[PDB]
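Turn these sequences into a full structure, and let the hints guide you.
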Amino acid sequence: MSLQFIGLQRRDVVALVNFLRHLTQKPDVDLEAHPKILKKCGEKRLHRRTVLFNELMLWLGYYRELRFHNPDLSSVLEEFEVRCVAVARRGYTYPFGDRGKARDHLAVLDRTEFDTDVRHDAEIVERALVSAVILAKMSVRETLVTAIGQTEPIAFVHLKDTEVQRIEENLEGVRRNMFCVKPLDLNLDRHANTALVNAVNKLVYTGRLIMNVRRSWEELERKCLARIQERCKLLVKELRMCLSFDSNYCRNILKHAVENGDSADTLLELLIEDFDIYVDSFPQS
Amino acid sequence: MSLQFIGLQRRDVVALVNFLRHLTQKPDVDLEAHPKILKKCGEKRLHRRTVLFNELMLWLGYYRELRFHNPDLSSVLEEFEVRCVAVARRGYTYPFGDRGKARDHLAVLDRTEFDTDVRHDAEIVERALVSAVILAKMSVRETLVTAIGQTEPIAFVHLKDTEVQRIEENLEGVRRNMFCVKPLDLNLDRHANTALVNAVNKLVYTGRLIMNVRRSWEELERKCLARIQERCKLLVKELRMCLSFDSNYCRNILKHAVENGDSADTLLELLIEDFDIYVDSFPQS
Amino acid sequence: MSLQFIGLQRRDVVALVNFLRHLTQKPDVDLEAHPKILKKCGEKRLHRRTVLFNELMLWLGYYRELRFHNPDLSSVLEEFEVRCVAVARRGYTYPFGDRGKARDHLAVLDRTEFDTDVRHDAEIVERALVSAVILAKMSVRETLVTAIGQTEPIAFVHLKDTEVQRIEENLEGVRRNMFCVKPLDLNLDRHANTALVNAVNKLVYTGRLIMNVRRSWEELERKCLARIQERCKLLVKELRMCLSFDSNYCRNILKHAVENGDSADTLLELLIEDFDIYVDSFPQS
Amino acid sequence: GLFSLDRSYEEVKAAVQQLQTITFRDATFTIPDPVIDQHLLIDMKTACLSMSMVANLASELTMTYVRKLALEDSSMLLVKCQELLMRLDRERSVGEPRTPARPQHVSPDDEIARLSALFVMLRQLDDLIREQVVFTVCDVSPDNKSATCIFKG
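Residue numbers (full-length UniProt numbering), protein chains in the order written: chain A, 1 to 285; chain B, 1 to 285; chain C, 1 to 285; chain D, 154 to 306.
None of these hints come from the bench; they were simulated from the model.
You may find that some hints are simply not true.
Heads up, simulated DSBU-like pairs for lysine-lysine below, C-alpha to C-alpha not over 35 Å straight-line [said to hold, decoys possible]: (1) C:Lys101 <-> A:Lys223; (2) D:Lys166 <-> C:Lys101; (3) A:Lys137 <-> D:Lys221; (4) C:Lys202 <-> A:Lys182; (5) A:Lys26 <-> B:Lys26; (6) C:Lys182 <-> A:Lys26; (7) B:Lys202 <-> B:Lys39; (8) A:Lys202 <-> D:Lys221; (9) B:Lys26 <-> B:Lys137; (10) C:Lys26 <-> A:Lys182; (11) B:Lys26 <-> C:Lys26; (12) B:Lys137 <-> A:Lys160; (13) A:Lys182 <-> C:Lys182; (14) C:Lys137 <-> D:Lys166; (15) C:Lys137 <-> D:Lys198; (16) A:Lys202 <-> B:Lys182; (17) C:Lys36 <-> C:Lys137; (18) A:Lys237 <-> A:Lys255.
Printed below as a string of structure tokens:
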């Protein structure tokens with residue numbers, strides 16, 4: 001469970017442990033966004049092997065921390081449907097030019113539900129929002145897309161330039177640290193807007209929030225495994241260079257597959273429990 | 001964003017903002033309810049111009065926390081919308097002394113829906129409950145009052161006084177503070193009561209809830225819109241007396257009408273940002 | 001919350017009073033599981049009349065803490081129905097070698113319901129998991145016992161034994177203390193499992209959680225009441241010897257039977273409000 | 154015939170026996186079971202398909218039309234019929250249903266083939282849909298042995 005490193009002094013070891021304890025509460029949760037933390041590995045100061053190895057441990061413990069926190073979306077996914085159901089009852093009483101065209105959108109809005117897979121979750125968020133913004137635009141008699149295959153872009157309606165520039169800073173700051181979000185001091189409600197428009201705006205906000213969290217999480221998750229294979233392919237080339245009991249031991253550890261981040265967990269646990277034996281293979285000082 | 005007070009020490013400004021930030025958590029959410037906050041303004045200790053200005057800052061900032069917290073009974077509203085629909089399936093089966101007299105109330109019950117305006121909702125539930133609470137009386141063959149001009153006081157039927165007293169104190173505690181509703185441990189159904197009557201009671205409960213919250217919210221807002229208009233009406237008089245550039249500057253900031261709480265938020269956002277130029281107007285200590 | 005004791009030293013009273021506030025947090029939530037706390041009660045330091053009375057206070061107060069920390073499964077118990085319907089969601093689509101037999105299991109899975117009363121659920125869970133696992137094994141074509149009168153054990157399917165150890169250890173720490181929940185046991189593999197088993201295992205874990213907590217609370221209450229009802233009998237037989245007023249006041253209090261949820265909580269208040277007067281009888285120090 | 158597929162169950166095993174013996178205002182005459190050798194005969198199978206196709210093909214199909222007809226309101230009951238489509242027995246939960254389920258995106262031409270296959274099954278069912286009188290007895294002989302019926306058809 002405890003991580004191990006070779007060249008670094010205990011100050012930097014504790015620095016990385018504290019960097020990892022505070023991951024969720026840290027802004028910009030991305031190891032590639034903190035180049036000084038990678039410089040803490042002591043690039044250009046220690047041997048190529050020890051640099052590569054402390055970096056592999058950094059990436060493995062970072063990916064393990066991601067899995068350990070693993071941002072749950074249970075409450076917002078249910079709040080999104082609870083919020084979604086509002087627009088239907090707000091739109092029923094409203095008079096439309098062609099009520100059947102909007103009844104189709106209310107029906108798309110009311111059959112919303114989330115499949116168990118995380119993969120199909122983002123698609124409902126987008127289809128309902130397309131059904132809702134188009135509904136709100138029919139509410140205001142605003143121009144609609146007509147070309148075949150074209151679709152209205154999801155965008156907030158009747159909101160100030162400063163106000164959308166302000167909420168987009170929030171929705172962007174969700175992308176750089178998903179696990180925690182700070183709700184805006186500003187409220188999307190407006191006295192000038194129709195109640196349906198306000199419900200649509202809050203629905204769009206929750207939808208863009210869900211989409212920003214999902215896409216960024218999956219991006220980090222695949223990137224970590226990409227760097228991990230990047231490291232193991234080079235580390236094997238380094239270990240082949242100098243055969244000994246312990247250099248030949250780390251290679252037989254690295255022979256295994258890297259896919260499927262549970263396999264990275266396997267590699268990290270086997271790499272820790274067998275650390276004592278090959279620690280002398282890596283030069284230090 | 002940063003409220004500005006003239007003659008108020010940070011010990012009192014911290015108290016005034018701590019009163020706002022925890023407003024959802026306090027019972028009796030009314031600025032007038034807490035007179036100590038009205039005393040923290042410096043009234044009868046500061047000059048009148050500064051007194052009215054600090055009172056005005058308090059009112060604009062309290063109105064803002066109202067617009068922000070902005071209760072939204074949607075999750076309960078859908079349950080009420082379902083229970084009203086069940087009430088008619090119960091009332092249709094049970095034999096009635098008059099097939100046609102109850103037809104009016106059942107059709108009134110079928111016609112319930114929530115208008116695009118939120119403000120109509122409290123009316124609907126009212127015309128919902130006159131539809132039901134009268135009808136349940138015919139259910140027990142009780143002789144409901146038919147004197148003109150009184151309709152039918154809303155009331156739970158065939159219930160323990162121990163229970164109605166508790167449910168009444170619950171509705172009252174919701175009345176004073178409408179944001180942190182506390183879920184009941186009570187089971188409103190009683191096997192002793194008629195199966196229809198358990199449904200009428202589970203309907204009337206949520207109906208009283210939605211009515212009380214909407215009424216109390218409108219009652220607070222309808223008051224604050226008068227309070228801020230009075231503060232500006234009195235402050236423009238005091239500001240007329242001085243011809244200093246900043247004294248004319250504040251009158252020009254106050255020219256805009258406080259109606260339509262959106263303007264109440266615009267005036268505050270403006271009144272903060274230009275505070276530095278005219279702060280010279282008001283005496284200090 | 002106003003507990004008192006006759007002969008205990010004040011420093012010992014501090015530990016006993018603090019045991020109330022730190023009860024649920026610590027592992028091994030059972031009064032016997034802590035013998036030190038019962039040596040703190042006053043055996044062989046205080047007279048038998050004092051010891052048997054002191055244990056009445058500890059057992060009634062412990063029964064009071066247990067009901068304050070009213071363990072409330074309904075939040076998770078609702079999610080059990082989501083997970084169970086999610087299991088049937090895959091039981092229909094999944095092909096079987098013989099489907100006319102598994103259709104019985106899917107129907108029997110559709111039956112499961114939650115009564116508002118707690119005591120039947122430890123049966124319903126068993127009716128489901130046995131019906132579910134007999135389904136899940138047929139996903140991977142496991143050999144099934146046909147001998148009449150045999151129930152298949154309730155065990156996780158295609159979860160590694162080292163994983164099963166870590167998950168059953170969490171279940172054992174749940175059986176140790178119902179209040180503390182650590183659902184941090186999610187190591188299931190994306191690749192290694194099939195469509196049914198992925199949900200059958202999570203359903204089995206939630207059912208084992210719900211049943212373990214129900215049984216743990218039931219054991220706690222079963223021991224508490226039998227202990228209190230015996231200590232009352234011992235003390236009533238003990239004070240019969242004395243004639244003095246302060247002692248007879250105690251028997252007049254203890255005539256009332258402790259058998260109820262509400263009766264111990266009434267006796268403890270009635271035995272606390274009148275403590276000033278009968279403490280003279282019990283010899284102290 | 155609809156139970157011919159379910160002879161494993163004791164409840165159906167008993168209900169079939171109850172349907173088997175009609176109880177009429179006269180001496181009773183049990184009806185032979187169509188099921189035999191664990192397997193249904195081809196005619197009843199085709200007729201049960203004619204019924205179940207009409208029972209299932211209509212449920213997924215009629216919403217695409219009722220949603221459009223309910224707009225007009227001249228008849229004034231198709232809005233009430235949109236709720237009739239739901240086929241719910243209990244009053245709706247606080248969950249999904251507010252509108253009936255309708256097919257999505259359906260490819261332009263197959264909708265004609267499903268429509269026409271709905272009508273092909275009524276033709277298979279028509280022989281059983283409407284029995285027709287062939288006699289109307291005016292007087293009966295004693296012992297109810299001869300009767301004198303005016304012929305119909």
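Status of the hints after comparison with the structure:
1. At most 35 Å may separate the alpha-carbon atoms for a hinted pair to count; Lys101 of chain C and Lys223 of chain A exceed this at roughly 47 Å.
2. Only pairs whose Cα atoms come within 35 Å are accepted, and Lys166 of chain D paired with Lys101 of chain C is accepted, the gap being roughly 16 Å.
3. Only pairs whose Cα atoms come within 35 Å are accepted, and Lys137 of chain A paired with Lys221 of chain D is accepted, the gap being roughly 22 Å.
4. Restraint check: the Cα-Cα separation between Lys202 of chain C and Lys182 of chain A comes to about 32 Å, which is no more than 35 Å; the hinted pair holds.
5. For the hint linking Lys26 of chain A to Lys26 of chain B, the alpha-carbon distance of about 32 Å falls within 35 Å, and the restraint holds.
6. Between the alpha carbons of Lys182 of chain C and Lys26 of chain A the distance comes to roughly 24 Å, so the proposed pair stays at or under 35 Å and holds.
7. Distance restraint check for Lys202 of chain B and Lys39 of chain B: the Cα-Cα separation of roughly 43 Å exceeds the 35 Å cut-off, and the hinted pair is therefore not satisfied.
8. Proximity of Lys202 of chain A to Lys221 of chain D is assessed by CA-CA distance (about 30 Å); at most 35 Å being required, the pair is judged to hold.
9. For the suggested pair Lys26 of chain B and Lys137 of chain B, the alpha carbons sit about 39 Å apart, so the restraint of at most 35 Å is broken.
10. A C-alpha spacing of about 33 Å is found between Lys26 of chain C and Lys182 of chain A, which places the hinted pair at or below 35 Å, so the restraint holds.
11. The hinted pair formed by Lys26 of chain B and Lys26 of chain C meets the criterion: a straight-line CA distance of about 32 Å does not exceed 35 Å.
12. Distance hint between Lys137 of chain B and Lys160 of chain A is unfulfilled; the C-alpha atoms sit about 53 Å from each other, more than 35 Å.
13. Using a Cα cut-off of 35 Å, the hinted pair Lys182 of chain A and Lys182 of chain C holds, with the two alpha carbons roughly 26 Å apart.
14. Restraint check for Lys137 of chain C and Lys166 of chain D: satisfied, since their Cα atoms lie roughly 29 Å apart, inside the 35 Å limit.
15. Taking the CA atoms of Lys137 of chain C and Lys198 of chain D, the gap is near 34 Å; set against the 35 Å cutoff, the hint holds.
16. For the suggested pair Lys202 of chain A and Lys182 of chain B, the alpha carbons sit about 25 Å apart, so the restraint of at most 35 Å is met.
17. Annotation: proposed proximity of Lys36 of chain C to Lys137 of chain C is violated, straight-line Cα distance about 47 Å (limit 35 Å).
18. The suggested pairing of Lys237 of chain A with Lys255 of chain A holds, with an alpha-carbon distance near 12 Å, which does not exceed 35 Å.
Going through the hint list in order, the structure does not satisfy hints 1, 7, 9, 12, 17.
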